[PDB]
Amino acid sequence: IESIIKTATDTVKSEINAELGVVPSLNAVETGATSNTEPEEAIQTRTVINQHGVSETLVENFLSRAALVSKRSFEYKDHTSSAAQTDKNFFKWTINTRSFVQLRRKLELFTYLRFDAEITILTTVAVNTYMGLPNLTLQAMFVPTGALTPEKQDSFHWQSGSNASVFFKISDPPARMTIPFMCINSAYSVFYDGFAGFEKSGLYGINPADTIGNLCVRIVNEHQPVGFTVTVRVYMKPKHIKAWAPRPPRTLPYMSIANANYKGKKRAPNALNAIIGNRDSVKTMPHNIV
Amino acid sequence: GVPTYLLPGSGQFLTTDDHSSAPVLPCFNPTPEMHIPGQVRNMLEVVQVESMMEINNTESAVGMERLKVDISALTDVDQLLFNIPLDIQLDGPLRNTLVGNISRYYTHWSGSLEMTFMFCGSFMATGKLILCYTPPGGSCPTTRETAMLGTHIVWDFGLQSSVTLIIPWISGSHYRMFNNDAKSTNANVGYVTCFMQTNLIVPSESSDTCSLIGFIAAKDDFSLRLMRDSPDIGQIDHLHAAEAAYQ
Amino acid sequence: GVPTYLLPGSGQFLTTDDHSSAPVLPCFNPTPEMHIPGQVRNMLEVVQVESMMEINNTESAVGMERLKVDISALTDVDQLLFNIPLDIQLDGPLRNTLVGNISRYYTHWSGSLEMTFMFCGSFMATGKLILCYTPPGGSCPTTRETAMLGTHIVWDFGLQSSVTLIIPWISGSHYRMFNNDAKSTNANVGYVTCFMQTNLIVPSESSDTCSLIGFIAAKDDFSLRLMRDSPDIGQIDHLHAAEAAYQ
Amino acid sequence: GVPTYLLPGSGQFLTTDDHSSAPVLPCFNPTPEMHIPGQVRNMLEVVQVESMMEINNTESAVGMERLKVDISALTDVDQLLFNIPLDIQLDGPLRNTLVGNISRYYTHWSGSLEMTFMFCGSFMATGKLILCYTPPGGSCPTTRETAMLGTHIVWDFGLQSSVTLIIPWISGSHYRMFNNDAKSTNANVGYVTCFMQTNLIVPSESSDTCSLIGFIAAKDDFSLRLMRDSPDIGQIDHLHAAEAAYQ
Amino acid sequence: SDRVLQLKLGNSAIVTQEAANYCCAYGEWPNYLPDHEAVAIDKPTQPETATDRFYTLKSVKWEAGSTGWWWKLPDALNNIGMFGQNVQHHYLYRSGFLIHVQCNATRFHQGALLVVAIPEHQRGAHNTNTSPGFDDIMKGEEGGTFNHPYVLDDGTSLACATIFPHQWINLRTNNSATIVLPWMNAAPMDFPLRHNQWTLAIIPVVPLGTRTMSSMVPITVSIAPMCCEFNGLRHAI
Amino acid sequence: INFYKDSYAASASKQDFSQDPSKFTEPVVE
Amino acid sequence: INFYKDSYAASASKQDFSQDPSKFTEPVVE
Amino acid sequence: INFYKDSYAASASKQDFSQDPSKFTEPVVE
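Protein chains in written order, with full-length UniProt numbering: chain A, 565 to 692, 698 to 859; chain B, 1 to 247; chain C, 1 to 247; chain D, 1 to 247; chain E, 10 to 246; chain F, 30 to 59; chain G, 30 to 59; chain H, 30 to 59.
Simulated from the structure, these hints should not be mistaken for laboratory data. A hint or two may mislead.
Here are a few chain E residues that sit away from chain F, every Cβ distance over 10 Å (derived from the structure) [claimed, not checked]:
(1) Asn30
(2) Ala47
(3) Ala59
(4) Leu66
(5) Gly93
(6) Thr115
(7) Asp144
(8) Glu151
Simulated restraints, written as ranges between beta carbons of each label pair [said to hold, decoys possible]:
(9) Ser21/D / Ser184/B: 29 to 37 Å
(10) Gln235/C / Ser36/F: 31 to 39 Å
(11) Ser36/F / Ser21/D: 23 to 31 Å
Quick reminder that beta carbons are idealized off the backbone N, C-alpha and C, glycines included.
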């Protein structure tokens, strides 16, 4: 039954027990229920007034940590003889939570998530001699998924009629935006057991309703006579979080961001056929006190 | 105007700060909330669900053979079957559990544990085991005379094929640390050992080697604090197709 | 003074921020408000007005010939006349409509549509049509046996020269996306097809080829969200006389 | 927005500023408070505890011999035994005391002191001493006729082996400074001298040289202010294993 | 008392005598879609006893080196009975499921099955970075076989798979498992031919073993849809 | 401190102490 | 937050939920 | 001035004027 739990529960004292018909330490794993044997029923306990709060394991606290989701370095220079596969003073990024594995395993502890995401953008610059670091203006434009993204630094898509842009400088504090809960469903599917199109040639596991959008970031300045290397780090913090149906954590290393494929490490720990590193026997104690 | 002055800590980005920020989409209406089954509001709900221990974390135990302990009929009395190291920080049998994975996001822990053991022999298989918990201090007990002097439960295999060994919170401090020193007095929990109380006695058509499955959950006096990143996941390179999110 | 500290997001210019700024002209008195007819306070007022579909978006249909479908007398039964793709993001018959242009400023949409068809033959022209809506999943239905199994309306041309095919909101999700994948399960709306229920039957002095005009509006359960720039307008250079605004 | 302006002192880091700062760990629950004996809430609780004076701060007094004064039987009357300089800033007998160490964290001081002397001869040892306090102005008094004209106490050694010389707060100013000039009128406290009132008279089996131990505390009218770093501790290099905290 | 159980849905009934207390997933029971959560505006068809009835699949042979079996829902039932005809003639779909798994043997046999229902079991492939295709996922009535059930074929873990709605068939205790599933989706209804809400996984944690005569031991799966709704009537694909 | 006109702009809501572990630990019906 | 002395200096006024679609959808007189 | 949601974030608490010197100066029992 649902109740409000602010601290961990208290222990009551117990006595010698010797009753027929009552066996609380015996259980039934086969029902799928966890054992309800209390510590008062297994040993003799004392009264403990437990004042240990439980507020740090709240799902709001467990997930609302600003985590790196994007890291992109591009050369900020005059791009005339640069190849067309490079970032000519701007980049595009489809917003995902799959690329960096600390937030990914943490969000994949749940099947469904409903959250607002606040987005911190940290820009840092390095000289590509030394003459000083420029205080450049960057534009981060939020483009929805599948819409027209800019193809140039100076394209006319950067004018942002209805697309939300943030203009920010390197010497400022980092730019911070709140992106709302933007799914067309009532929760994001962290896992999607399906195909996202009506044909049999779509992608497995990728629901585009889960995708936030594109993040097109340019430098508004023109090129200086020297080049610079600009690294843009994007940080996502979930907030106002509801979470449903928890899952086993991922044990094997991630291979891709598109799928849940697995290889495992070559030896234990976290190998395919051995998640926990090995000991000599089942009656061998690894860190035995001498 | 209002006379102000900036403090130390002005303009910084703490990753754990709790402020309101600018809406990127004004007058946006989120999707109406639907009831979805199984909402988790505290990660201690997850930690109280029993999950299998890899007690058989040995070589020549490949895959699912690590999730069961094979006991047999013995010809000597008072014999040790298995033992379980109780260090949740350290890569032992308790690491890949629901209580073990969520706790490695934290540094301090407190509260009682429970070990559930399900016997998976035949109906014809009889036997009695003793499941001892030893508070820390000395070595792990290797004989049954030594080990039953601590917290134990004697279990006969019958109509209920399961017991629970409550591992009580017996600590000097309020919390225990997930420090690297497993032999520390702030970290070492103690030992769990299993012995033959009588013997595994089967007839000639039961399989002579039977199995246990060990489970561990946390009780509702369990508590975790001081949050850290998990040592269970990590990368030394970008994942596959991560550059294609920029193309 | 007041001790303060700057947050992340300080000094930025978001283009969607909602703050008060400095009056360039103090004590300025704006012109008194006059009642002007036809005030729009929500863009869903505009979206509920019917506007013509270019169902005849073919070659050899030049200009205004694209805004009408020419039906004729046929010598076979159950014959397909036209079909309409329902993708509002994609450049089909629904793009240059009042419901189609305002929706391409947005990314998500929900609600019912209505297709109105006005018959523009002679008074002497009789006939019956069936206007079928097919929920998505398979191909577009090409025979009348297949197509009438979904939402349809049978229309006889008489004293009222118009029907409405309500296209119901039949979706799994609350909203549908204006994503580029037209074959996506979050985007594909379905199909509208028209068939001969009987035949277009005219006398010898009516023109033997008659016309329909298709209209589409939104209903009042219609909703749009997540605003974006329209893909319908764009420039690769400055316009003419734009440099003369600097001279 | 709110019109603001930054004051002088904006963005500085004063090491004594009293502001609230960002929690590095949100929703952290500290350990419950347990009652621990001997809580100190004001450092004037510590300063009122008597602690030994090194009156024997001479050469050939090695270690613990500095914490006692050896008096003997004399063959002349009115003889000086020891004197105590009362400068608490200056390295004299009062520096390594509980009243002397906490006061060197401060610059100004006020209030009465107490000198307790315990006689540690035998039971058979008799004698009388006079313990004189002289307010400042002139030299330290060297004869007993000169010294008893100030604040004194005459003490016979008997069943109670202790007296207290209250050193009264006799100052022109509210406070006295811990300035380097020990001969200043804002710093010099005066002198304490001890004389034979009669003589130390022992029999032939008592040890002919007996000892005193001097103690000093502060009274409850004592006060310290203007806090500074102590001149009693300091370093010219990093300590051992301090680089290993970076390795 | 909790060992005997008759489940009566439609014209189908199942009596069992050697059962456990059955599992309702996440404490929830199935229901129809209420009006304050509805999206599709047309009137749904609720065929009830024609579709809310047990559907028994093909049995699987529990053998020596079995790794496990999985069926995806509603994909395992999209071509069976009047459930499959309502699936193929409609665009939308909403139901829960009452899964009953049967496996018995003698009292000289040993073995344990983990019968676990997994929501949104997105699978992974082994030793490749190409995603699984359509035919790897949409098996249908026959279902599939686990390749690496120790990591649940998705890099996670079988040990922590008791966080999902599950039961056990321990052959000395019970011979059946029963899991009642509600609707488990982010959307209120769904297109049944491209998305699976539940995966029934049956996994040999303790293998089958005896020293008596060798009989075939089958594992039978009966699935009853519960509270079926169907919206978006059209032709059949 | 929330001076924005949208409700999702606000800070994190760390006051949800409602638990129900019995939907995972005792999901059995009797 | 408006500390300016002119009313037009204020932020955007996003609370005008009055509609009248019938002046475009049913402008007929009967 | 404390706009943080944690109580330990606050400024220093310089209002504890309770003394008990007798637990150091007179710890004797009679």
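Non-conforming hints, listed in increasing numerical order: 1
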